[PDB]
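*Asks:* So you can see what is in the structure, the chains are spelled out below.
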Amino acid sequence: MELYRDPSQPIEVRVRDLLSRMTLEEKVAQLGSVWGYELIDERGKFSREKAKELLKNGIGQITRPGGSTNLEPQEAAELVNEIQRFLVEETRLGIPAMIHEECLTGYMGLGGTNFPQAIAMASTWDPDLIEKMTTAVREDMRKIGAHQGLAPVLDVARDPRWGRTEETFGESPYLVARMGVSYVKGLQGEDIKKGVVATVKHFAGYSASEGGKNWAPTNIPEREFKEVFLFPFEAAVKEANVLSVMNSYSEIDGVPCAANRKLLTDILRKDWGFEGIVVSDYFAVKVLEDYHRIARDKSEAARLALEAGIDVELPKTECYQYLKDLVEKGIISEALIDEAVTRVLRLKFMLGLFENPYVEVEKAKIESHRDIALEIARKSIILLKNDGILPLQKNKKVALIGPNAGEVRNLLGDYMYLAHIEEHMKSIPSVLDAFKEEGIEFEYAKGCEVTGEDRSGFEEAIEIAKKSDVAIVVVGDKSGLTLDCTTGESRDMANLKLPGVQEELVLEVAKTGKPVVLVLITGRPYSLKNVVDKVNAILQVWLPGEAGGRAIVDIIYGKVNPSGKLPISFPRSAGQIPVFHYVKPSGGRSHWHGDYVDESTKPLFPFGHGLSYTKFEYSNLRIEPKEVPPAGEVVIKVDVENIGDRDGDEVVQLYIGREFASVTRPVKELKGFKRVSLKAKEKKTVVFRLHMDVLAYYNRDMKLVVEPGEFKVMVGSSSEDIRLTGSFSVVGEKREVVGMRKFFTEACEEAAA
Amino acid sequence: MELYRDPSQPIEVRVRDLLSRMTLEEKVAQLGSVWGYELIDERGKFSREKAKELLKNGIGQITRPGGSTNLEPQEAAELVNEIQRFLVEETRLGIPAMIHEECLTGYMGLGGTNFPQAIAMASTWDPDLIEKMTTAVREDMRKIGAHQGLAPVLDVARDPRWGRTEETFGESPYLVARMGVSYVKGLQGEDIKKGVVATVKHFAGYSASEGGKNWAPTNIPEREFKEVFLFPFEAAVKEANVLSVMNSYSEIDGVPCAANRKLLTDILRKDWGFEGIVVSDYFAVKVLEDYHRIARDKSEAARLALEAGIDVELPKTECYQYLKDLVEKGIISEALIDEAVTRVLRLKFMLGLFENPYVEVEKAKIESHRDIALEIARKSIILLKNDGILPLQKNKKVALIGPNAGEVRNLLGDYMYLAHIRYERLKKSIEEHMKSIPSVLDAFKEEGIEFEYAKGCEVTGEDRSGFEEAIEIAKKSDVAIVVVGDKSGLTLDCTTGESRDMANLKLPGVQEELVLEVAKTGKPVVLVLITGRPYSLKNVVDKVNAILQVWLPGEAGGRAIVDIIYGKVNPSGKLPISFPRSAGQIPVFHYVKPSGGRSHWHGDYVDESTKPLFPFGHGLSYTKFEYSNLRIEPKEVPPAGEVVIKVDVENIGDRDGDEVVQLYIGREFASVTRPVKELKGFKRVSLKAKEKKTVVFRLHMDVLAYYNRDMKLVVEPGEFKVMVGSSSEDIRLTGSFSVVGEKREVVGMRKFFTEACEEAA
Ligand SMILES: O[C@@H]1[C@@H](O)[C@H](O)OC[C@H]1O
Ligand SMILES: O[C@@H]1[C@@H](O)[C@H](O)OC[C@H]1O
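Top line first, the protein sequences correspond to chains A and B.
In terms of this note's numbering, the numbers along the first sequence are unbroken and rise by one, the last being 753.
In terms of this note's numbering, the numbers along the second sequence are unbroken and rise by one, the last being 1514.
Just to be clear, a hint being listed does not mean it is correct.
Here are some of the chain B residues that sit facing chain A, going by a computed Cβ distance under 7 Å [stated by the list, open to error]:
#1 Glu806
#2 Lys809
#3 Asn810
#4 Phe1107
#5 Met1255
#6 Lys1346
#7 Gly1349
If you anchor each label on the Cβ, the simulated ranges turn out as follows [said to hold, decoys possible]:
#8 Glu733(A) <-> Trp1354(B): 31 to 39 Å
#9 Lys1180(B) <-> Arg622(A): 54 to 62 Å
#10 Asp469(A) <-> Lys1180(B): 52 to 60 Å
#11 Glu328(A) <-> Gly1494(B): 25 to 33 Å
#12 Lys1082(B) <-> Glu659(A): 23 to 31 Å
#13 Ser600(A) <-> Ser1189(B): 49 to 57 Å
#14 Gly1083(B) <-> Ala335(A): 25 to 33 Å
Keep in mind that the hints were calculated from the coordinates and are not lab data.
Just so you know, even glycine gets a beta-carbon here, dropped at the ideal spot from N, CA and C.
Take these sequences, add in the hints, and give me the full structure.
*Replies:* This is the structure:
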């Protein structure tokens, strides 16, 4: 029995033993990948014939054995068992494969629940609920033999033109970091042998491209890069022990992230102590040549990516095969191959793959998590505006108008299987279905398509509105990767107008003088400047997946009290970009008239905005001690009372302001929050335990510091709807924050007195 | 006498002698300033009473003795002579004042020519002509006793939302640097005792504020900062020997430029060898407290600005008076005061102020340079579009429509005196002096055109009252000339200028609707934009027959527009900045990386092209130019070698005209990503009909240097692409040459510019 096969030996001993036994060819194969679809026949069964060519020397990863085959869970599990049996039994060393799938909004394959999009997850401000979700996704993935999910997007979004806004947790480094750590914790176990490797992406800056254009340069200076952009990845590595990172397609200031050793090694591995694998974004190595034009051939692209710190080329071996030739010709040292292979082998051993690489096909049927999807959908929907029309009485005749009332497909995000892809059909409930099921009397008129300028349908929509009590206009996006989609990866929107003639559809329906409820089923903020004052209520419904219809109707009729809060600012117009809550004293205004000539510098809806069908009263602000030394702790308490007549969740938000630091600081920035459930007339105390570590920022010399001085405390229902204000002082000498530090405020509830 | 008063002693000896004689109070006064208006009575005469308080211990600078007093040139000269006599005769040490004025578009005071705005200057692509202009401004300034002009703005503009776009030379670091060096050379001349100190501003990044908003953070990473924003300042310091720099109001990534020693000292003085004075932007020191909130009081703001490298607080001593208290209390070293005073005194001696601080009031009448202003206006106007309607025949009946056809005030930029300065006596005096400037209406009458004028709308507001009159005059005419765009200045009623940022880039008020209404008559339409920024023309471009871009042209504007419309002048201006299709497209610039200027993998936005409506270098002619016979010699050059690029250009059309020949350089397979194409050379060439000439670009490899992964300035072996054309998109001839040898680190002084000339074909 070779040491690497012996389960009593420590993993480092098994890794060293296996590495010492491997040829150069076997080493380079562990840094590569193959598509699931390249290993099946036309009957969807494992093809030994194809495996003999592609798997002869073993392999790092199988890419999307479920997601790329259109196989049902048990068929996918059978394919993976067969791939593994070939590797374990018909290769010299019998190294098993790691399998990855997409899983952002749930396992991206047939039979997997479509959870609401990441921007919806963020809008819950409920990290525990996102952890519950990814704990369910973990079980789904392990059933089909999948070890790695291309997991939370930790890109901080302040440019809603960008088609991937829907995949982010929004504009706030704090909220993004807090959701990212809960997401990673749910996916990964305490013990990864019983869990799924999370992949934080896209490291780093990919959400701040020139003009919001996909893959365009992300030109971010160092303090902003560290405090925004890197912060959530830092928290995922150090607090959540994330085991994979995927690079950004974009250059930072001349350097493609896939060729940046200062980023993928010096920051990620050396500064932060990351011990997992870096996987390329798909084709990110090859396009160092094709797109960025800094690699003269595939072998130079391979050298740049390996030197940078990419361990696995995805989604298929292309450049990394030439690492063999680079060593044989003495261009690179085999020792650098060994370093990457060591990280891959370590993770394979930790995942339990050498003890048992197989799953029980009989237990591989994936269960529905519609219950969890529905709780996210119900908590994620945001009431942007309500003049009193909502909630509606069930006896009102409804004119249900718009492309996103009827569609079902337009409820789905860019990484939901049925959008991303006769096969496990769209038996997903529509909004129209949810209205029927709720017993509402309505007529449906489509009014218009998502795209185009055809106004044919306007007259039917107008006529249905005139014969109704209330018009419910359901407009917004089709999310995906193709030209006909208005949002999603590769679908960037310069001017932030609702797609096609949807805005004109709303204004035409409004001209009937009937009450209008505007339901935005969208992947990004749109400019509502021209419709906001012409409609009575506005619901923001971030691409909600399969639970969307029921949640929208539940909220419209007050069976659910809306509790979602914006995780990203809604610009008045594209020309206002960017707008975010944590501007410096000189940000978020034009000096000395405050506004643009043509436009407010304030967003239409601010960060943390979301209304309720009840009222919350904040009282009794306590900040103790009042003076703390630079590594001390302050305890901030507020009482919150539901003074209205409906049960509701309030999201209590802590903003911290700093002036007279050695650098300029945000006038206010989110540093804590708590979703608190309050029955009508119930009062509770929300408590924020704020360690000074959490308030650390980079000084003029790029040191992480806490400086003596006064911090402003602002607690409220949004970044603008601040209810209580106070301060505390840090007293003592400037502190350099070195090594491990706290990233998060600790937020809980107490009985009020 | 004392060594400092002895003109046979070297300046360094005179400086050391004077410094050793000065009290702490006299030293700190040399780092301060006083407004001209603080030293006059109500009649605009020098007030000894006021001077005894403000000038008792001497002073660094007098701020705008002409620009802030509303005095005529000879009255301003008399005030400055009196200020100087007080300082020379009634202070202990008799140190004279340095005087500064604004002078971007000419001396900013009564009696000064209003030259076209800087964005117009850039549109000429004629650096020699801008040098001729600032040589004239130099004589104007020296007549009234003014020693320093706050002029060449070297901010690189790629965000047309920004109200100060009009003050820049546009988007191209190369074109900005090339115009900046000519601007500075004209103002300074070879010996500064006979010249005027140029002040490059605003150091550094002030044109790239968050959302195009005035003073908002300018968050620029290091390679882009060095190659785009710093480059023109670097060329101005090292090639043009500029003697003053003014800081930016903005923070870079948490650090206000006024408090940034790494910027104002480590880059400017240590890395580049700048020997002149850094002057604050107005109140830039005080607002370290009031705006940025990083100084707890005026004394801490003073310490941050002095440590950073600001020598003179403008426009009035406010924080810098507390430097005295900071030394007396042992918070800062007097040695740091001494270093700043040394720079101020050195410049005063070099200006000749200790030998003769006075001017002849009798010779202080400033001459008109309308001739130079007219050459700039005629060379700056850009023909964006022409289906053949231009030039017009003089016998066509013209409907002259729009707020900028009739309003002479809207010809003026934000630093032209009559626009900038706005008791009841000041209002009357502006309205009085305003009547002197020819209007566009005046130019049409003078040319003998048959026209009716309708002011279809105001610049701002939503009043469509005037539309009907405008439409009716259009229907009775052969051609509608619609003249629309900006009112430039600093107040709420202005649409462009400092503090007037435009988020959505729509023509102001209902001007766009006025254009579309006139177009609906089915009459031919010539659209004339009199503007300080690119506007979105997306909704009008395809509805009009011709478009002229007329960057705020000053007093020569009317005549130049009429000359061009009737073909007395062949238009030859080229865009120095990209015209976005929409605000949501921002930024668009010609020198994007392979991954810039597109969304991957469909190329375009869902709703919009990623390409500008009009690209960098765009400008049509009433003739056609044919490019042939591209030569690049040698084909292989070592990393400090030279390539000679030659093209023949023939005027194949029917009219004499100027072509601006543009050299773009591309680089792939560097160790960093490089622009697909970037302007590295240009030449304005005059061609008679059927005349052919050879344009020659002498390109030293120094000019192509870029920053590598380790932040070294390098030339790397490989291929450089040569693209010569009539715009950044209208490329006529391409080829390439190779750099062969070992990677070169470009150390110390290097060439910044291609050498461009003409020879016989
Ligand atoms: O997010 C990644 C995306 O950028 C790429 O196209 O495909 C792989 C994904 O994991
Ligand atoms: O351009 C400068 C401007 O920024 C400031 O407002 O006043 C002084 C000028 O020189």
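*Asks:* None of the hints should be skipped; say for each whether it holds.
*Replies:* Do the hints match the structure? See the list:
| no. | hint | verdict |
| --- | --- | --- |
| 1 | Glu806 | violated, 29 Å |
| 2 | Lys809 | violated, 33 Å |
| 3 | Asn810 | violated, 31 Å |
| 4 | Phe1107 | violated, 39 Å |
| 5 | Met1255 | holds, 5 Å |
| 6 | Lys1346 | holds, 6 Å |
| 7 | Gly1349 | holds, 5 Å |
| 8 | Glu733(A) <-> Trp1354(B): 31 to 39 Å | violated, 53 Å |
| 9 | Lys1180(B) <-> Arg622(A): 54 to 62 Å | holds, 57 Å |
| 10 | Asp469(A) <-> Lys1180(B): 52 to 60 Å | holds, 59 Å |
| 11 | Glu328(A) <-> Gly1494(B): 25 to 33 Å | holds, 29 Å |
| 12 | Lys1082(B) <-> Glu659(A): 23 to 31 Å | holds, 24 Å |
| 13 | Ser600(A) <-> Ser1189(B): 49 to 57 Å | violated, 39 Å |
| 14 | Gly1083(B) <-> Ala335(A): 25 to 33 Å | violated, 57 Å |
Hint compliance for this structure: hints 1, 2, 3, 4, 8, 13 and 14 are not met, and every other hint is.
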